[PDB]
Amino acid sequence: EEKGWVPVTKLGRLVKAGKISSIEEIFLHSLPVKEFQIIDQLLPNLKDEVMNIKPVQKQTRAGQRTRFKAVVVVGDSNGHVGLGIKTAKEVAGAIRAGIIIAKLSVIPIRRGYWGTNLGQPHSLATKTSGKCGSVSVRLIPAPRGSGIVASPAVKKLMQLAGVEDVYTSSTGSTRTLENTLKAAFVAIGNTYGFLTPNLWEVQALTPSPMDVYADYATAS
Amino acid sequence: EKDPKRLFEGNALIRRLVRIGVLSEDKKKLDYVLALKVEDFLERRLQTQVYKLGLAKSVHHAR
Amino acid sequence: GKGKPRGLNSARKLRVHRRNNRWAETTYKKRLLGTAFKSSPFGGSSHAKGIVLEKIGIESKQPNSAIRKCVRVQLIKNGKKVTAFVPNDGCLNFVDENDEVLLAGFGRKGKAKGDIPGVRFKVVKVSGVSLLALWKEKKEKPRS
Amino acid sequence: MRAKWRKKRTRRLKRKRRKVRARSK
Amino acid sequence: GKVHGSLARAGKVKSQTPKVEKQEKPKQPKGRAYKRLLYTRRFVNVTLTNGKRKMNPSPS
Amino acid sequence: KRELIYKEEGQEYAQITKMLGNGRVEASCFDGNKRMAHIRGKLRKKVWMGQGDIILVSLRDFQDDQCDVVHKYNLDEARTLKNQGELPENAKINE
RNA sequence: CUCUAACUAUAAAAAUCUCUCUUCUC
RNA sequence: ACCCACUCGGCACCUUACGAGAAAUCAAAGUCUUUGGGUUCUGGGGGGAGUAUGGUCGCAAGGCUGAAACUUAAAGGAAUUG
RNA sequence: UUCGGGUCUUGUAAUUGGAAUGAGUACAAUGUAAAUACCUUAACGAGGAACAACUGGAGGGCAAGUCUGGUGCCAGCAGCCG
Ligand SMILES: [Mg+2]
Ligand SMILES: [Mg+2]
Ligand SMILES: [Mg+2]
Ligand SMILES: [Mg+2]
Ligand SMILES: [Mg+2]
Ligand SMILES: [Mg+2]
Ligand SMILES: [Mg+2]
Ligand SMILES: [Mg+2]
Ligand SMILES: [Mg+2]
Ligand SMILES: [Mg+2]
Ligand SMILES: [Mg+2]
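Protein chains in written order, with the deposited numbering: chain C, 36 to 255; chain J, 64 to 126; chain X, 2 to 145; chain h, 1 to 25; chain e, 2 to 61; chain i, 23 to 117.
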């Protein structure tokens, strides 16, 4: 675990300099991420749960050659989710690369209220859907304490989200796991991508961090 | 809110739950009574309350 | 779009649309045609007793290879003749042709199961006593 | 099989049975 | 040779199995005691934390 | 050279009358019968058969008419058998 | 920032095909 | 009669997804889980079979209407690699 | 330095003892039209506490064995794949 990490991708340089307080200043400005050490540094306690190691095959002139596709979901149960599907000949290498991919694609979500807002919102803020292949997933907010009503895979996704309660409904052939997980992840990520009526005010568009701190990037 | 059926049946529910004491005396709001985490109702079993009062010494004994 | 009748005063056409579309799924059609009684030697019955004629051994299907010990039987409640499988390995010797046998369903709602073709019926009780009891030697056939 | 010829066989059977019925009456 | 006996014996392997007799079998506790004992076995007398629970492990 | 298989009071030697499809065969059995036999597994596509051969066939003790092939003789063992007299010799088969 | 041209020409015959299909987490 | 520019209507075409689907692809096969413009008609796994019979029209071939008993764990779509 | 304290905690012997009571008995009464049955309750009434928990399953769906012995596409199992 040699934390050398020469910083490519100027943002990461800033992350090394400690000039980014949180990934908020990333997500607020839609800053792309390429190095997983950044998401390692900002969110300190990612937990991963590999969902499936699907064997995948191809036909050459001499027999069948096989890889494995790992579908691993990452999160911290505090409003940060990510999904990584990645394939490799070795299972361990596949799962490590999937961890990297999922860590890169971390997505923040909008935990809302079923009604009569109280401390620490429990459910989502809006019914939200997603689609992958024919897997069409739907998430409807839940009264507090109703728990996560979902399929095993979606249930693990929601627990990694930190949402303690949400109703789900999926149509299509959810027998496949990669499509179901991707669609549910897209749906949970669309929560912010939906104008919630408690947000009339148009903000003054605070300067981007890598703009105000472009000096410290690209160490000559 | 303030619906007389709501105000009466929900208040009776709170009264029963605080008479049994599964719900705390601060969370009497008809909203906290929606999440109980089934362990709480187990905690008010006779054997559990005996052991917390003593007399039990490895609950199965009390059982 | 969605080319089904949709006016506020279109109850009849849509209801009869359903009334005609329901004739496609098999369970509903079987239920109302009454074919569970004319066909299906079990007259809507979960169980029925019959008298054995002989002990035929039915050949398995293609990928499997075995010769499963079944038994023919003529039922009493309607008189029709049918085969029935004998589970629980040590029980063909328990058949004793010309003895009453209580047949039940065979796990596939009147359809042949797995690798045993031409038969859809289990065997649970023979000579009053249970095949499961006979196979594990908890009770014996009185041998009337 | 090619459904054209299966239908042709079926119609041949129809013709034979209709001729039999006509001879019966 | 190819077959020791005549095929289709209708319950063959039953007759040729070697019979064995139940040993003394100390009475396992049943009911509440069974649940207590199993819980003690699994989670407070924890045996393998090396990843898999792998309980009832094959002796090897 | 394998030793020929004898009959053990429950199987008998038969002459293939004709060849039937789907693993069936008609066997003139040397007991005064024209029985019907099946291709026992472990032999289906591992040992081929045909019209005009000699096969050991095991009879089903509960169902008489049907029986199953067990072992066939390769133009040497069956002639030996007819030499001892395990089989009636009135059935003459020579190419 | 002015542009609308070049071309070739073969069909002989050829049907059929047995087992045995199964194993990825650290 | 052409050239230009504009417009109305039809057979169509090209680029593209920002929408759609399973995908081939579609500028409609979009405006669909953010499910609702009006409407008729079709289908519920595949064989049996568009077959049996009953009608019904026809000189005739046959057309329309149209199942079951039973059997089966697949048939099928699209693209991918050999 | 051979050790070896067992320095920190777990179980393994499945041996040994101090307490408790029900299921069955059963004086009596209560219960009941009469009654048993229930609630009490005298005296009994547990060591292997023989006062003995069966029913299904252990490749996948699906918690749980790639331990042992036997059969060797036979016996069979298998709701589907096998
Ligand atoms: Mg056979
Ligand atoms: Mg159909
Ligand atoms: Mg057809
Ligand atoms: Mg007609
Ligand atoms: Mg195709
Ligand atoms: Mg007992
Ligand atoms: Mg058992
Ligand atoms: Mg077993
Ligand atoms: Mg398991
Ligand atoms: Mg073994
Ligand atoms: Mg079993």
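Treat the hints as calculated values from the structure; they're not laboratory data. Be a bit skeptical, because a hint or two may be false.
With the C-beta cut set under 7 Å, the calculated list includes, among others, these residues of chain e facing chain i [as the list claims (entries may be wrong)]:
1. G2
2. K3
3. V4
4. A9
5. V14
6. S16
Quick list of the computed label-pair ranges, beta carbon to beta carbon [said to hold, decoys possible]:
7. X/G119 with C/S204: 51 to 59 Å
8. X/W24 with e/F44: 30 to 38 Å
9. J/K100 with C/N152: 19 to 27 Å
10. C/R131 with e/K55: 22 to 30 Å
11. J/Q112 with e/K55: 37 to 45 Å
12. J/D94 with e/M56: 35 to 43 Å
Where a beta carbon is used, it is the ideal one built from N, C-alpha and C, also for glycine.
Hints and how they fare:
1. This hint holds: e/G2 has a C-beta 5 Å from the nearest C-beta of chain i, less than the 7 Å allowed.
2. Nearest Cβ of chain i to the Cβ of e/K3: about 5 Å, under the 7 Å cut. The hint holds.
3. Against a cut-off of 7 Å between C-beta atoms, the interface hint on e/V4 holds, since the closest Cβ of chain i lies about 6 Å away.
4. Hint on e/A9 holds. Least Cβ distance to chain i is approximately 5 Å, under the 7 Å limit.
5. Interface restraint check for e/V14: the shortest CB-CB distance to chain i comes to about 16 Å, outside 7 Å, so the restraint is violated.
6. A least Cβ separation of about 13 Å between e/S16 and chain i goes past the 7 Å threshold, and the interface hint is therefore violated.
7. In this structure, X/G119 and C/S204 break the distance hint of 51 to 59 Å, their C-beta atoms being roughly 44 Å apart.
8. Judged by the Cβ atoms, the range 30 to 38 Å given for X/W24 and e/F44 is violated: they are separated by roughly 57 Å.
9. For J/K100 paired with C/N152, a C-beta distance near 21 Å keeps the hint of 19 to 27 Å intact.
10. Distance hint check: the CB atoms of C/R131 and e/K55 are about 24 Å apart, consistent with the given range 22 to 30 Å.
11. Separated by about 38 Å at the C-beta atoms, J/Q112 and e/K55 satisfy the suggested range of 37 to 45 Å.
12. Remark: the range hint 35 to 43 Å for J/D94 to e/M56 is upheld by a beta-carbon distance near 41 Å.
Consistency with the previously given hints fails for numbers 5, 6, 7 and 8, ordered from lowest to highest.
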